[PDB]
Each structure stands twice: as C-alpha cells, then as structure tokens.
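**Q** Now for the letters of each chain:
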Amino acid sequence: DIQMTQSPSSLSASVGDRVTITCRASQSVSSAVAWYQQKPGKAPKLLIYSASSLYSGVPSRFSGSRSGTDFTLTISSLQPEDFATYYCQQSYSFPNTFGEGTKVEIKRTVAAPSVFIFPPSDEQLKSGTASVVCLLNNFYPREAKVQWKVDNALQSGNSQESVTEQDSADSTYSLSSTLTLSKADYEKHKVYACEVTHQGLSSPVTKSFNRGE
Amino acid sequence: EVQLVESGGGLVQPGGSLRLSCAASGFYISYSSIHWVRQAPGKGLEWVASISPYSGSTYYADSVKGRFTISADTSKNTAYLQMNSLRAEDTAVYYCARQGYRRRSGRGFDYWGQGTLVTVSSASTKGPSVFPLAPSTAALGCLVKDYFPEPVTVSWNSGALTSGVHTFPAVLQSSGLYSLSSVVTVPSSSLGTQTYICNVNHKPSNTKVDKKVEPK
RNA sequence: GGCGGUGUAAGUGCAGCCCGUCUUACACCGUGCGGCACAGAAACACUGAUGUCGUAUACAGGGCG
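Chains L and H, in that order, give the protein sequences. Add 1 to a position in the first sequence, counting from 1, and you land on the number used in the deposited numbering. Counting with the deposited numbering, you get residues 4 to 139, 147 to 226 for the letters of the second sequence.
Simulated from the structure, these hints should not be mistaken for lab results. Please note: incorrect hints may appear among the correct ones.
Computed footprint of chain L on chain H; a stretch qualifies when at least three of its residues, placed anywhere within it, have a C-beta under 8 Å from a C-beta of chain L [to be verified]:
| # | region |
| --- | --- |
| 1 | 45-59 |
| 2 | 63-77 |
| 3 | 109-116 |
| 4 | 130-138 |
| 5 | 148-156 |
| 6 | 186-200 |
Just so you know, even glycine gets a beta-carbon here, dropped at the ideal spot from N, CA and C.
Work the whole structure out from these sequences, hints included.
**A** Pasting the structure below:
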C-alpha cells in the first residue's frame, strides 16, 4: 500500500501569500497524482491532474509540480475564496490513497468576541433539566476560553463547547458554550456568569444574568 | 451536464447492511471508472472501492474487502455499493466519483456525487426538543436538544433570514444524544417588527418543528 | 531482425600436411518469445499498430610424416 504523507496538516496564511503544500509518496507513483479542494460540507473539487496539469476552469494561481516522489501544490497568491482543505491522491496503484489533508485558514486582525448569555426557557424548566447558553460571536483567532460561574462558584465538567468554521465574509469564528444543570439547581441559584478569555481582550470579560430578571 | 445523485444512506446497527446508489446523467457509466470514497466526520478522504470499464474489474480498500461490493447497472446508468457487516468505524459520508477521461484529466476524479451519510450504531433514533434562546444589535436563537442520529437542519423564517446566522456543529452529550444551538444577530429595532422563527428538521426521525422566538 | 536447418566457399587446433569440427560470408527454407514505450471513452483485462532494448544446444577431435 502506497502512503501519501501530506504536510503541513494545517496552515494560516494572509490574503496575497504564496502557499506551498507538500505530499511525499512512500514509493514511486510516476505522475499519477491529483489534487483536490474541499469546502466544509461539500464534495471535493478537482484542481490538478497528472501531478502538474491544471484542470479546466481552475484559476492559474494554482499549480502542481513533481520531483521524483515529492509532489507540490502551490497557490501563487492566496485569495479569500481559497480557504479549504486540500488533498493529494495517488492513482498509480490500488488501493488508492489520499493524503491526510491541509486545512488552509485565512489570517486576519485580532477581534474580541461579542458575548451574549441566554437563560433556560420556561418550556425546558418543565422537564427537569436547565441549559444555560453562552455565545461568543465573530472573534479571531479561534482559540478562546469559557468558564462558568454559578453564584461565583466555578463550574467544571457540566459544560460543552462547539465552534463554527471560519466565516467567508469576515474570516471570524463563533463559539457556543452550554452549561447543563438540574432544574432544581438552576431554580435555587441566582447569578449565572460566563467568563471569556481571548487575545482580543486584555483581561477576561464576564457576561451574566440574575434568574428572574 | 454531468450529474451524480446518491441515495441509500442512513442508520443501521453494527453488523447491518445498506446499499448505496449513485444515479448518473450526462455520460454513460460503462466507459469510465467509478469510485466510492468516504469521509468520517472531521477526518480526511478515504478511498473505498472502484470498478473499471470494459473489464468490470473491481478493487477494494483493505478495511472493506469481503464486506463491500461495488457494481454497476448499465441499463439504469447507476452504480452501487453494497455494504454488509457494517461496523462503527464505517460511519462516514460516502461519495461516488467519476474518474475522468484519460486524455482530458488523467486519473483525476472530475465529478462527485453530493454525498450520503451512513451511521453505524446501536443507539435508537430520537427526535429533538427545540427551545428558544430569548433575545438578549440583539442575539437570539434556538436550542435543539437530545436527538440521534445526525443531522438536523436549521433555517430561520423559512430561509428568508440567512445573514448573521450561526448554526453550530452538534456536540455529543454523555447521554449519547446530540445537542446544538443555532443563533442569529439582528438589529434590536427589528425585534419590534420582525417575527423570528427557527425551522428545525430531523429527517432521520421525521421530526419537524417551527419554534417562534420572542423576547422574554 | 534474432534463432535454427541445409548447401557453397574461404579462413582456422600443427614443426608440417590432410579430414573433421569451429568461425565468417553468401544462398534458400523454417521460425519465435519476452520486457518497456503507444492508442482504442481503456491503470487490470480485452483489441490493434509501430518502435525499441533483450533473449534461445556449453557434442571435437582424429589421421599421417
């Protein structure tokens, strides 16, 4: 089985940068290498075939090269619509093998989150569980930290986070954090706070509500 | 001109069986190699199987040999992937793909189906509960809680509201059920004039809910 | 083409001469097989050309001054 070792596994580059992605074949694959671009939730799109030929309709800023068993995908100048995950593929021998992918994200200025907090709904409180939700909207870079406090007591192990993909129109991320509590615990305590640490903030920001406001 | 439409995905228990279909138009599948390629959620592309023109020779990934069969129906211009004895690690979006014409695009896969999701798991189907996230520019949203399997779809105001919307990826809770939120930010003045309704569809359980989100 | 068969000639184991064998040339007759290139809607298989680079019995000695 021929291996295709692709590097780097991710990279963040500014608009206008030249980016180079490398794929090394564990053994000779002649020139039977293709490159694909994949956007989240979409099928891959063919960019390069036979190691170095540009597929019909692909912009001239994409190119491919082969030196022996080393293959290279180059974007001469990165455009904002080029954020995606790129894959090499060898089709010299069966089983066919893909490289592991290079996720390309767009560099951008630091932007602090706008933070919102949502109490549980009355409908949910009929059910025995309470979910408190903290939204961090349109920040960059992706790394962010959320801590929950209930009446000043730090919570652990009762929250989960999820992050969107980079936005195509402003290159930011958003994050939602959900605190899961029993209905009884939620109805007993008063002050619910979400504390957010992020590079766009010099010190952490707290957004909170009082139950029943 | 070329279209590839897949179907047959869904949820089965470990050890179960499904058959995926890839219905082609714009070209006769007899004169191309047809491939299946899968992608586990959050992971890379993995080649599964292929069938050659003229010979009908078939090829398989090591992980699927003996369990999967790729085939083609010339009279329906349709290719198939029969999947038997399914395992948890077969959970993935499955794509069919046309290998292009040799003199035009080498061995590159030039057309791809839209993808069909296969989930292998013992957990039972369950539709979600949908709760409002009452308006806090204002933020508002819906919490879509306790469903299985993936996916849910969320739109706002039957698709008329798209700008400023963030539908987050689902997180698996310790209960084994999924949960997500969908939020949107709007000008605060619009809270007085525009009704905000989140439309949630959970096709795997035939659960479909529209939830009005109003100020608390 | 390469290989093989047959025929003709010349050269060729010696101190020397002769026959053979061996080699080369020419003539005619049989006759291939691989690998790698290419194309056919074409990775394998299948069909079709044309190139190239390669291949195949390790039976020779005797007579007379």
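**Q** Confirm or reject each hint.
**A** Comparing the hints with the structure gives:
Using a Cβ-Cβ cut-off of 8 Å, 5 residues of the region 45-59 of chain H lie near chain L, which meets the minimum of three, so the contact claim holds. Only residues whose beta carbon comes within less than 8 Å of a beta carbon in chain L count, and the region 63-77 of chain H has 3; three or more means the coverage holds. Restraint check on the region 109-116 of chain H versus chain L: 7 residues with Cβ-Cβ distances below 8 Å, three needed, restraint holds. For the region 130-138 of chain H, the stated coverage by chain L holds: 5 residues have a C-beta nearer than 8 Å to a C-beta of that chain, and at least 3 were required.
Residues of the region 148-156 of chain H lying with their CB closer than 8 Å to a CB of chain L number 4, which satisfies the three-residue condition for coverage. Counting residues of the region 186-200 of chain H whose CB lies closer than 8 Å to any CB of chain L gives 5, which reaches the minimum of 3, so the coverage claim holds.
In this structure, none of the earlier numbered hints is contradicted; all agree with it.
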